[PDB]
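Enquirer: Read off the chains here:
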Amino acid sequence: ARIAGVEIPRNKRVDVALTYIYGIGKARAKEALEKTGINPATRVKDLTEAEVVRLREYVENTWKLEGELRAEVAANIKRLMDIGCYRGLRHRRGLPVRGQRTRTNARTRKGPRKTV
Amino acid sequence: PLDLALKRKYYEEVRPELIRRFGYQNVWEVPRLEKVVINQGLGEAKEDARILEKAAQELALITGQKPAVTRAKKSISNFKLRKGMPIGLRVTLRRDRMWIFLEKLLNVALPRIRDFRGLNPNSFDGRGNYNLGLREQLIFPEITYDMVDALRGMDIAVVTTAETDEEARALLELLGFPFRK
Amino acid sequence: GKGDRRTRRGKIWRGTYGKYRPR
Amino acid sequence: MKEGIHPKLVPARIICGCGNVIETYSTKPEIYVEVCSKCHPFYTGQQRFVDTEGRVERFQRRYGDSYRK
Amino acid sequence: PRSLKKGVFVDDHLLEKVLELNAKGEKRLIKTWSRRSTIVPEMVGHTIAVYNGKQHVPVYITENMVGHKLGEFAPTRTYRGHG
Amino acid sequence: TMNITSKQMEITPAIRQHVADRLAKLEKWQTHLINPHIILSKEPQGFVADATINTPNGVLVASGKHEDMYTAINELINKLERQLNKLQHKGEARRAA
RNA sequence: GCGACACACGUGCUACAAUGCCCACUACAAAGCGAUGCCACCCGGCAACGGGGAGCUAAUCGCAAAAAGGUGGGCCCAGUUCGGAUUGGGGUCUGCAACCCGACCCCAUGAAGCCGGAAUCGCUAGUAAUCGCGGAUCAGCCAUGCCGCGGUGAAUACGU
RNA sequence: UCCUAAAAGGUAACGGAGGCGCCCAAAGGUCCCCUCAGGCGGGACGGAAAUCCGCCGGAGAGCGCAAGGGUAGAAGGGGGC
Ligand SMILES: [Mg+2]
Ligand SMILES: [Mg+2]
Ligand SMILES: [Mg+2]
Ligand SMILES: [Mg+2]
Ligand SMILES: [Mg+2]
Ligand SMILES: [Mg+2]
Ligand SMILES: [Mg+2]
Ligand SMILES: [Mg+2]
Ligand SMILES: [Mg+2]
Ligand SMILES: [Mg+2]
Ligand SMILES: [Mg+2]
Ligand SMILES: [Mg+2]
Ligand SMILES: [Mg+2]
Ligand SMILES: [Mg+2]
Ligand SMILES: [Mg+2]
Ligand SMILES: [Mg+2]
Ligand SMILES: [Mg+2]
Ligand SMILES: [Mg+2]
Ligand SMILES: [Mg+2]
Ligand SMILES: [Mg+2]
Ligand SMILES: [Mg+2]
Ligand SMILES: [Mg+2]
Ligand SMILES: [Mg+2]
Ligand SMILES: [Mg+2]
Ligand SMILES: [Mg+2]
Ligand SMILES: [Mg+2]
Ligand SMILES: [Mg+2]
Ligand SMILES: [Mg+2]
Ligand SMILES: [Mg+2]
Ligand SMILES: [Mg+2]
Ligand SMILES: [Mg+2]
Ligand SMILES: [Mg+2]
Ligand SMILES: [Mg+2]
Ligand SMILES: [Mg+2]
Ligand SMILES: [Mg+2]
Ligand SMILES: [Mg+2]
Ligand SMILES: [Mg+2]
Ligand SMILES: [Mg+2]
Ligand SMILES: [Mg+2]
Ligand SMILES: [Mg+2]
Ligand SMILES: [Mg+2]
Ligand SMILES: [Mg+2]
Ligand SMILES: [Zn+2]
Numbered sequence: 002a003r004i005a006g007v008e009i010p011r012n013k014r015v016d017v018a019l020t021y022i023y024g025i026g027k028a029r030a031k032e033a034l035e036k037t038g039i040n041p042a043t044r045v046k047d048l049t050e051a052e053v054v055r056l057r058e059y060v061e062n063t064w065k066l067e068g069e070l071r072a073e074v075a076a077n078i079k080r081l082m083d084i085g086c087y088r089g090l091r092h093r094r095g096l097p098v099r100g101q102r103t104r105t106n107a108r109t110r111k112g113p114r115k116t117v
Numbered sequence: 002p003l004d005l006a007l008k009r010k011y012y013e014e015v016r017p018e019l020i021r022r023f024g025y026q027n028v029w030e031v032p033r034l035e036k037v038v039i040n041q042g043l044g045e046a047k048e049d050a051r052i053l054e055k056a057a058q059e060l061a062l063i064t065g066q067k068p069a070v071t072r073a074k075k076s077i078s079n080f081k082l083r084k085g086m087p088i089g090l091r092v093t094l095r096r097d098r099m100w101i102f103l104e105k106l107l108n109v110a111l112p113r114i115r116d117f118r119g120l121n122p123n124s125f126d127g128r129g130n131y132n133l134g135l136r137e138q139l140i141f142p143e144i145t146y147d148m149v150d151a152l153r154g155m156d157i158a159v160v161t162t163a164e165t166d167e168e169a170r171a172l173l174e175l176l177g178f179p180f181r182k
Numbered sequence: 002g003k004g005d006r007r008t009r010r011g012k013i014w015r016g017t018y019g020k021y022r023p024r
Numbered sequence: 001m002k003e004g005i006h007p008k009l010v011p012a013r014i015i016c017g018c019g020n021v022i023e024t025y026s027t028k029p030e031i032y033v034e035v036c037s038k039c040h041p042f043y044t045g046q047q048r049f050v051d052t053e054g055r056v057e058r059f060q061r062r063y064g065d066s067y068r069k
Numbered sequence: 002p003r004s005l006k007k008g009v010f011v012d013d014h015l016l017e018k019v020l021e022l023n024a025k026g027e028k029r030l031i032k033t034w035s036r037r038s039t040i041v042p043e044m045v046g047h048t049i050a051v052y053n054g055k056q057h058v059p060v061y062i063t064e065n066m067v068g069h070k071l072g073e074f075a076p077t078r079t080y081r082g083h084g
Numbered sequence: 002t003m004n005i006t007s008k009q010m011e012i013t014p015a016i017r018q019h020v021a022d023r024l025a026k027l028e029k030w031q032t033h034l035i036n037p038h039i040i041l042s043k044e045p046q047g048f049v050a051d052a053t054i055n056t057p058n059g060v061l062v063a064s065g066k067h068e069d070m071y072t073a074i075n076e077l078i079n080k081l082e083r084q085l086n087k088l089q090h091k092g093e094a095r096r097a098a
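Protein chains in written order, with the authors' numbering: chain 1m, 2 to 117; chain 1G, 2 to 182; chain 1u, 2 to 24; chain 14, 1 to 69; chain 1s, 2 to 84; chain 1y, 2 to 98.
Simulated from the structure, these hints should not be mistaken for lab results.
One should not assume that every hint holds.
Mimicking DSSO-like on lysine-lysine, the simulated pairs with C-alpha atoms at most 27 Å apart in a straight line are [to be verified]:
id, chain 1, residue 1, chain 2, residue 2
1, 1y, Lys87, 1y, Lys29
2, 14, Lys8, 1G, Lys36
3, 1G, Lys36, 14, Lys2
4, 1y, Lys66, 1y, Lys29
5, 1G, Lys74, 1G, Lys47
6, 14, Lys28, 1G, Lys67
7, 14, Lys28, 1G, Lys36
8, 1s, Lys28, 14, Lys69
9, 1m, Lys65, 1G, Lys182
Let the sequences and hints guide you as you build the complete structure.
Expert: Here you go:
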């Protein structure tokens, strides 16, 4: 688990393998490769260990990643379900939160269909 | 015996701090480290590929000591367990090897743990011994991501000559054990 | 692709502009 | 000990990413690691990597104090 | 959400009853039809009855529920499930 | 599955089951009934029961009218049975020459 | 409240990828709409947008960019640089007011889905398929709808 | 094998309860080494119960199999020849 607590896929480009980190999309990928001046097309299996610790230190010290990101999102839902707001109720029962239709579809929040 | 940073740190900085903090009358009365037994509970290699020599090889690389096998004292239905079936590993580390492994554990292993927030303070025996667990073996430096096939944690039991959990926690935290509370 | 908000093709489908489809 | 069954322990250099070198003994004389106890956030005081925020919710809004009173 | 260029919206007539209770001393129960009004820090501690089309649900305002609206805590649908 | 519709009327889940049990008579032929839709209503004369079912060998359309609600359901089943019994045997007629 | 959600049916949108996805550059339409309207152009911002401000009762000026396509570069068969659902946080605008219950922008999350059972729909030439644009209603918009417009442009008909 | 059986042995009933018609090539000989069940506490997946550590624990475990007797100062667990 080199960076940043997970292992990034080698033989892939660094701007791509960095997305395999819970908290880094294509945006924060092109960001960490300019702040360190590291060629985004170069493969992970071809990185310099000097370029590793530089990209490591910048990424791990700029955005919350991995378990620390999962804690606040869980805590943000935790307070939503504790205060008792309408969005908290949708998380407690498990229904959609963002004004979506529930008569049909809505299958991602409910899961596969339950026959009756 | 070999000259080690952790054993020297014990004899130099941990002994007098302990004697001062507790007021021991005799040199032997001070808490000392007795042994460190590591045990891979395994049991996943009952049937299937019972060839667990990859795990024993990993333990022999991490500790520098070849482990021994542990088998079942009885047959168990629900666990799919026949009596006398090899189900685990156990290596007993003492003296210089104990110091070496504890050095590498405190300086490299415990840091590299995913979402590490310290060692559980209430994990003490009551008699003055400590225990902990590990979810992976990639935590140790001698184990890389290539030579591994499956994730397998382990149990670590540190046995101390201390009599209370107080003196034991003193000795262990002084030696550098990071406690979350 | 036409449903992906973070792409050129996706904002043509929607009819809006942004960083991925400037004007 | 039993000869021929134990990997030999030899003087070992354990190099960390932050530049920390550790003189020890192991089966591989050189081992590089991503993190060590001298640079982990939980060890080095309270080096909260990115998030030393302060929650910051909820009274930390204060945008703004313009409603009449 | 509402624009930062515009202000934090309270129905004025509701904020009046808030400040009148902060001077002489909190608190007395307030009935309101202001689901649109945003909770303000000066509302923390009081007990506001929010109307949900039928009932006036008593809702105690705390420290963690300041950035929300009053209508989020007096829901409008009685739903116990199916079956 | 099976769908029932009460047009400008109000029926109970008990009555909805009776319609489901009367449609078991079509299961006799051991052929696939594809989304049998049932429509009930109230004329001035009496109740009316419609049904539009698809089978792998065609579709079934019928109508039953009677003063008694369940009796119109019966007539609908009688007329559905007949159509079903024809769609499963009309091919067997011209096997020779 | 008409926006409910143990479920069921119809119509659609977007997909399951290399005859493809993404980035940069560059060509070719028609029909409409536009005076607290359409906004050129400048500037702030990653952006939505905001602040300036010329023109146009409009074959004059504006919406406006057409998209597929063309050129170049990347991706290399993976639940992936396919797919963009769901959720966390931060903003913009309309509007008295976006909690229930608006659209949009941005960071993060990155699901089902590997071409679909029984059954069934459309289409005979500029047609199907695929690609984009405008308008009514309209403060805004849940429009993937409807009514129109063109771009590329097939297969097949022995026979009843 | 136990009870009935009346503290030596023996003792009947269509009296009360159970087992046998096998097995083991080590489950045999010998030398050397080791000590249980259980309870409490601690320990990744791991649980009432898998394996690990500590403390208490004379035998309640074990001894192929019914029952009784015997048994760790071994008849129990392991190895050598
Ligand atoms: Mg990521
Ligand atoms: Mg000494
Ligand atoms: Mg304790
Ligand atoms: Mg002790
Ligand atoms: Mg390692
Ligand atoms: Mg397409
Ligand atoms: Mg995508
Ligand atoms: Mg020797
Ligand atoms: Mg029905
Ligand atoms: Mg009804
Ligand atoms: Mg009705
Ligand atoms: Mg009819
Ligand atoms: Mg009949
Ligand atoms: Mg309403
Ligand atoms: Mg809704
Ligand atoms: Mg149903
Ligand atoms: Mg269906
Ligand atoms: Mg649609
Ligand atoms: Mg594929
Ligand atoms: Mg995935
Ligand atoms: Mg799948
Ligand atoms: Mg993807
Ligand atoms: Mg296709
Ligand atoms: Mg078919
Ligand atoms: Mg025709
Ligand atoms: Mg349109
Ligand atoms: Mg218009
Ligand atoms: Mg409009
Ligand atoms: Mg919506
Ligand atoms: Mg006797
Ligand atoms: Mg006797
Ligand atoms: Mg006798
Ligand atoms: Mg005798
Ligand atoms: Mg033997
Ligand atoms: Mg024997
Ligand atoms: Mg025990
Ligand atoms: Mg557990
Ligand atoms: Mg346990
Ligand atoms: Mg016994
Ligand atoms: Mg023996
Ligand atoms: Mg022997
Ligand atoms: Mg011999
Ligand atoms: Zn370090």
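Enquirer: Work down the list of hints and note, for each, if the structure agrees.
Expert: Hints, one by one, checked against the model:
no.: 1; hint: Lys87 (chain 1y) to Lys29 (chain 1y); verdict: 14 Å, holds
no.: 2; hint: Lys8 (chain 14) to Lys36 (chain 1G); verdict: 20 Å, holds
no.: 3; hint: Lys36 (chain 1G) to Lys2 (chain 14); verdict: 19 Å, holds
no.: 4; hint: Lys66 (chain 1y) to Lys29 (chain 1y); verdict: 24 Å, holds
no.: 5; hint: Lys74 (chain 1G) to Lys47 (chain 1G); verdict: 14 Å, holds
no.: 6; hint: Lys28 (chain 14) to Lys67 (chain 1G); verdict: 16 Å, holds
no.: 7; hint: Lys28 (chain 14) to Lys36 (chain 1G); verdict: 24 Å, holds
no.: 8; hint: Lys28 (chain 1s) to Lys69 (chain 14); verdict: 18 Å, holds
no.: 9; hint: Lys65 (chain 1m) to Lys182 (chain 1G); verdict: 23 Å, holds
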